[PDB]
Each structure stands twice: as C-alpha cells, then as structure tokens.
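For this depiction, one protein chain was excluded, whereas all remaining protein chains were kept in their positions.
Labels run A, B, C and D following the written order; every chain starts at residue 1.
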Amino acid sequence: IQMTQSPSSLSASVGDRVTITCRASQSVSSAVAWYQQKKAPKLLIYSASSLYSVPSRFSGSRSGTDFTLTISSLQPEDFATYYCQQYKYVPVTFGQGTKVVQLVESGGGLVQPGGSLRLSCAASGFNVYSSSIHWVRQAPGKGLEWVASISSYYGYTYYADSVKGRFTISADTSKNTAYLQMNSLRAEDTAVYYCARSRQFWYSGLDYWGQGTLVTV
Amino acid sequence: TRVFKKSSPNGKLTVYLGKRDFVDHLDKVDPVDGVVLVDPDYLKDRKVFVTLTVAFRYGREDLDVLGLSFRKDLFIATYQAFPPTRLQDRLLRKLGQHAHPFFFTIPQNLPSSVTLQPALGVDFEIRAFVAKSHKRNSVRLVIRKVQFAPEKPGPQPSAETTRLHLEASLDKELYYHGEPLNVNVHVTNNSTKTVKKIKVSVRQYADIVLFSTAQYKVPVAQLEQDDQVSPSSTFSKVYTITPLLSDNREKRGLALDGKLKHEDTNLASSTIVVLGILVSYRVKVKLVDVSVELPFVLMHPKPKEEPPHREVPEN
Amino acid sequence: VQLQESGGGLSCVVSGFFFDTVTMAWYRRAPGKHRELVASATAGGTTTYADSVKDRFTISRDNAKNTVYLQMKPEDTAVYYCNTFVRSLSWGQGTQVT
Amino acid sequence: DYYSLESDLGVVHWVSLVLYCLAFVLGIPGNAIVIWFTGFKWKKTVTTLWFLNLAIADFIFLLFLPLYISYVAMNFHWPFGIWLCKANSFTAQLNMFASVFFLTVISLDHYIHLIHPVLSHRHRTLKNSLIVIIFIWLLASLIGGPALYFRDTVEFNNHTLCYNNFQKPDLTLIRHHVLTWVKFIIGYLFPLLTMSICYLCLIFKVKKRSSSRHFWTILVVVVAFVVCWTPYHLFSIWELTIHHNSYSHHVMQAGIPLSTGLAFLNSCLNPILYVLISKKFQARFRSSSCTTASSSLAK
Partner (left out) sequence: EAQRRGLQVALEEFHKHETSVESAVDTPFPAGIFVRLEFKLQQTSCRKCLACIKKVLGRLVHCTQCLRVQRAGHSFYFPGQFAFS
C-alpha cells in the first residue's frame, strides 16, 4: 500500500499547531501507528485513537482513508520526523518523514558484497513467545522499510517482497535472542537496521526499538 | 466508533453491530445489541426476524446413520423488531427511519467460543431475515463469547507425592498466553531407585459433554531432561515450559479459541465457572514412576480495546 | 464492486449487483463531516426524496443502461457517492461537485 | 426309474406373493442406489463400508429371490434339481445372517459413539472395520453350513420338494432341535436384545438432557424389525412341537409364507429406514457469502 504524506518539511514557532496528514491507498482499517524519530523512533499513537503509555498533547483522528496527527501545543523538544504506518497486511509500509526494558544489537562494518554479516538482537525484560520481533531498514535520507518479522508462537516467517530469499530470520527461543541471516548482499541494502519489539497477540505497534547498527556496503 | 456491518446477497438486508466479541464478567454478559437495515420495500406482507443461536458442531461425515444430525443447538433466541441503549440509538439517527433495533441477551451457564482444529466446537451465530413466519436472502454473522483473566491471583499451586518423594509447585495460577511457566521440582530419592530422566509435560484437558462426560488427553508441550539423581542425594531445579501453537499443528481435536472465518487463533483459554466444552490445563511431572499434576489457569489479560477480528498481519 | 462514479466537476455504474428489485441511493457526506443521505430510488413508483434537497435535487435510474443519473445553493459542495440504500456495495469515490 | 412315493395326506397365499412382488419392485432400485453412492461416490468411512456390505447382502438376497418366487407360486414343484436348492438356501441364510449382524453391529457402534466418546475414534479404524466385516462374513458363511449339506429333493404326491432332510433315527430328533434353536438364539435373541439394550440406554441418556426426530426413527426401525422376524422365528420354533408332541400341521401350512413375506419386506425397508430417509441424503439428487465491512458513527 503506497502511503504519501502531504506535508514535507514545515516550520512553526513554540505556540503553533503542527498538523500532519496521512493518506492510504487501499482503504486501510483503523490501524495506524505514529512514530517520532529525532535516535530510535518512539511510538506515540496506535490505532489512531489510543494514546501510548507520551503526554496528552498528541492526538489522533480518523476520517476514512485519511489519518491526521494533531499536536495542538508545540514544544521545543519536538523537532523530529514523523512516520505513518498501517499494520493491516504483512508488507507493512511506512510513510514519509515530516521535519518540523531495552534492546541491544551487535554487528556492522564494511560489507564487501558476498558474505554473511550475522546480526543478533538481545532481549532483556520480555520473552519471545509473547512478543514478536521485527527488523526494519532505514537508508540515509530515506524512510523506514520493514524487511523481516518473526512470530515464535505461530512459527511464521514473513519477509518483504524485495528482501525475501536473500534474508533469513531466526529465533533462539531459549536465551531470548533474535538473529537475521543475510546473504547475497547488494549495494542497495546499505541501511541502518533497527531491532523492534511488538506484542504478538495484540499487534498494537512496534513499542520498543533497538539502538540500531550501521551497515554500509 | 467504526461499527461493523455485514450485508446479504442482492443487497436486501444489512445489520450493524457495535462489537463482535462479548465479554463474560462471571455475573453478567454483554448484551448482543445492534441495528438491522432493510430495503424500503422488501417487507410487504412480511416481518423481519433476527435470530441468535448457539451451535455446537460435534461431527462431520458422509451419511447420517438413523437421525444423528451432527449439529446440536444449546440456545435459540428470536427477535421481531417489527429502552434503546446509547449505541443503537445513535445508529438510528445515522441510518434513518427504515432501521429497526434488535436486542439480545446471553443467559448464564453457556459455553464460550471454542473451535477444534482439523469448524467443530461451540459457535455463536446471528441470522437476520424477513419472511411471512434461503441463504441468498439472509445475513450470516459469527460472534465470540470470551472471558479474560480475573482479578484474583488465587492460591499458589502445590502437589506432592511419594512411593521416592517428588514435590512440585508453580509460582502462581494465572498465566497469560505465551507466558513461560516456571515450575520448581524437589526430589529426595530415599533409596533403592535411580531416575534415568526428568520429564515435565503440559497437557490440555477439555470437558466435552453432550450425552455423557468425556475427557481429552492432548499433550501441548513436552520437556525432557537428561539429569539423573543417585540414591540419598537431593536435587532442586527450576524448569521453563511454555505452550505455543508451533509444534502443536496437525493435531486433530486440539482446543483452540473461536474462529470467525478461517482465521488463526491460539490455544483455547481455560473455562472458569453445563452442556458444551470446558477447557482446563494441567502440568505433569514424571520421574523415571510417580506422576504429579499441577492445574493452572491460562487466560488472556483484560484488554483496553476490542480485539481484532483476524490476525493483524494478513497473508 | 467496481464502483466507478462519473459526472461532476453525476452517474454511477455497478458491475456485480443488478438494479432488479433493489433500491439505490446517493450519499453526499458533508463539507467537513460524516456521511449523509440525499435521495433514493426503488424499482419504481415511490421516489421518496429528502427534505433539504427537495425541489432542488432529482433522481432517475434505467434498468438497462446500467447507470443511475442524479440531476441537481452553495452548501452542495462535497464528495457524492452512489450506493445501495442498505449500503451493501463497497463505498466508492466521487470526483467533485460545486 | 419310477420313484413315485404317493400317500394319503387361498387369500393367505396370494398376499404372500403380493408382498414378494412389492419387495422385489422396491428392493432392487433402493439397494442399487445405496451401492452406487456408498461404494463409489461417497467417502470410504466405517458407516459407509458397513452400509455397502449390508446393501451387497440385500442385493444378493433379492437377486436369489425370484427362484424362491417360482418355488412358492406353483404349489411347491421346484424345477431346478438338487445342485441349486442347496446353493440358494445357503446363500439366503448367509445374506440374512450377515444383514442381521450388520444391523446389530451398527446399533453397537451407534451406542458406543453416542455414549462413550472417550474411546470412540481410537479403536474405530477402517482396518478394524474391515476385520469386523470379514469376521461377520465368515461367521455367516460357517453358520449356514448344514444348509448346504442336509437338504435333499424328494417326491410329495406329484410335487418335487427340496427340504432340510433332518434324517441323516436317534440323530433325526436332536439335529432338528439344535439347528433351529441355534438359529433362534443367534438371529433373534442376541441381536434383538443387543438392539433393545443399546437403543433404550441411548434414550435414557438423551432423556436426561435438553432431537425429537432421533427418537422417532429409532422407534420405527425397532418396531419394523420386531414385527417381521417374529412370525418367522415363532413358526420355525413351532416346527419342533410337531415332531415332539401332537400337532395338526394346519396353521403352519400358510403362516410360514406370510412370515417369509414379512421378513423380505423388512429386508427391503431396511435401506428405506436407514439410508433412504435421512434429510441430507435427498439434497444431492435435487442437484443431480458477503464480506464483513465497517462504517462510521457520529459522536
């Protein structure tokens, strides 16, 4: 589902009202997650009506296929990029940026195309049977791109259309660690990988994000 | 609000429901309210009828032997609709004067929404039609009656046996779906015996009754330990086991939660209190023999929003 | 399915269902609010318009042309939709009206 | 050779022929229909295999019917000889005992399935069903054995009759009693008792709960089975009293054909009340959903 945002890069003062509009392309249901990225992105609004356990200034409204984020009170600690996501189908698509329990991962360095470059994700505070693990990509000067996901409860292995085959997701399910096997790396995969966590049964959105590891080709 | 609606073939009838999942509070059940929309002239010399019934599918074969219909009904309700609540009243204003509210209540001592994977099990179904009282002139809906984790932790599980002494005690009873089970086993091994292996397994017991009481012995997760205990030696160890729908596939008859339309659901939650299916969970520890059973409750936590009607990732 | 609304800048053409013994209606949402009902048309005999668009708005339908023509002061600026009275078909999109 | 053995020795007869003809008219199409779909069209399950075997037995029994029709419709002048009467009697006994065993095992399976579900789909396997069917068939085969070895054909005042010939002196009396009593025990006492106990216990269990049509069909099947084999078995038992005590040999000269007609009618109507009446069955000879959305709501 192609997702574009009308604002691109706006400017506002301290007491202004920043409005961000998100438009879908296939009449997605009331399932939209809003993320603020300055550092790892932080989830603000899930289901476009609920507030994450962030201040009450952030508000979400649904008007059919168009989703709107209203601040209604701007703060000096708000200069960041906001993304719009739809968690209705397996190939989740993130929107475009609008400039205005911990997870630890290891791995990185030069790719030198041809190799493995095995990454790992460490979980401390939650298990894998009750929480899904998602991996996303963020090319420099570009939005987020989900590439893989694992569900240990159901054993499902979901991969992106342009990433399947060359990537492999695995879960230890014993030490609460998740890994991503990458092969046949190309020059277009040079992006920062962010390990993400989400509750398996009620996929409200990627709650906690990893520190991110730089991967350059 | 985003109310949920389903239509009928040829665009004749349409029913609006605020929610499709109703929570049992152990003292009252959420009323099954809604509004049906009818074509302005499709009801001449006819009356609209909305029926809510509970279906307990218990078999599927190629021939009924004498009269066995392979489908028994536990509760049947009927509404005609020719004080309104705060939900269906709003629907009348949005739709118009051609909308007729219908109100339904679920009596107590009724089974929850349970489905047995191969849709055998207990299902709640709503039929809306107009006739002077076919599948191409009626609306078919399926709803789920579910219960969540109570607010009482309950007594700490504990069970001991001797024949060799074995003691097992789980930390608590209320376990969420996907939460690992922490069990502690203590043995003494007095004399004249030596355990080859330590076996801890979790089995699901489903109490199905239609004419007589029946029990199921369907193991869910099995753990094997190679530790051996010598005579006159004490051994204490904590094991971690968690039910999951990964290695339990292809197991016919496994108790699963209610499925709306070919969806994916986890293991059936434990039933807390009749004709239907009652699901219970136990933990079995065997020494190789002595067997210790530790019952526990596996329920979903109380949610802050309506659960989705299907798996969040589609296809 | 395949709800292709035409006109504006008003006719709707359906593919799956048929206009045989069914009532079709036109829905105008609002300048900035939720959906609303404008007019309907049964198989024939009772047109049953509304109050606000009365006199100002008409409606017609042909069972063979596979189309529904709605025929039409400054408050009628929204996105018009064509759908069954019971709202059975998936909601489409209207181009514009002013 | 001149083996003449002369000596000095009705509406009730016509109704037996009418019943025979009626059963022949209805029996063949129903059995053929049951065979065609259960054997080939419908899936191979335990119930389907059991009904297929029962229909095979009934079809063979009604295919050897017209020889008996020719035998009975002409004052008993069996024009076939000695190598055919024995075979026909043996096959008829085989078919009838196989049918009785199949009905009683069907009742047993129904009672087990609807009362004891704990062990219902563990021992009930197509291989086990095949073993049970084979055991029933060989039991019915080596239970009508004396019917292929004892019958003989003689003259009865210008009428050739093939009869059991229970005289192969002292052994004549005992052999007649043993065979008839064994047939009564294995064909009318044990199967009827099993059917009664299985069905009544099912009714009592269902009664302590909250379908109406399920009881009516069971009662109809029971009453149909009872009223037909009872005259045949009672008249067969009555034959012993003729040799043991004094008798007139008058009431038995016409009751036996009527009892056989009732038994044949029961065999014909067993498909009617078992397979040919269920509601789901009729559906396929007549031959031969929307998506859930959502809408808005004002606050």
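What we mean here is this: a residue touches a chain if its C-beta (ideal position, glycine included) is under 8 Å from a C-beta of that chain, and two chains touch if they have at least 3 such contacts.
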Which one, D:59, D:102, D:166 or D:229, makes contact with the chain that was left out?
-> D:166
Thinking of the whole complex, not just what is shown, which of D:32, D:82, D:130 or D:154 touches the missing chain?
-> D:154
For the chain that got dropped from the picture, name the residues of chain D it touches.
-> 1-9, 68, 71, 76, 88-89, 92-93, 147, 151, 154, 156, 161-167, 169, 176, 232, 239, 242-243, 247, 249, 252-253, 256-257, 259-260
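One rule holds in what follows: only the chains that are shown with their structure count from here on.
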Give the chain pair, either A-B or C-D, that is connected by more C-beta contacts.
-> A-B
Between chain D and chain C, distance of the C-alpha-averaged centres to the nearest whole Å | 69
Could you put a whole-Å number on the gap between the CA centroids of chain A and chain B?
-> 33
Taking each chain's centre as its mean C-alpha position, how far apart are chain A and chain D in Å?
-> 73
Contacts with 2+ other chains: residues of chain D = 290, 293-298
List, in ascending order, every residue of chain B touching at least 2 other chains.
-> 2, 5, 7-8, 94
Interface with chain D, chain B side, in the complex: residues 1-9, 16, 61-69, 72, 90-91, 93-94, 135, 139-141, 208, 210-212, 214-215, 275, 309
Would you tell me which residues of chain D are touching chain B in their complex?
-> 38, 42-43, 45, 47-48, 51, 106, 110, 114-118, 202, 205-206, 209-211, 213-218, 221, 273-275, 278-281, 289-299
Could you please specify the touching residues of chain A with respect to chain B in the complex?
-> 29-31, 47, 50, 62, 87-90, 92, 127, 129-131, 149, 152-156, 158, 200-203
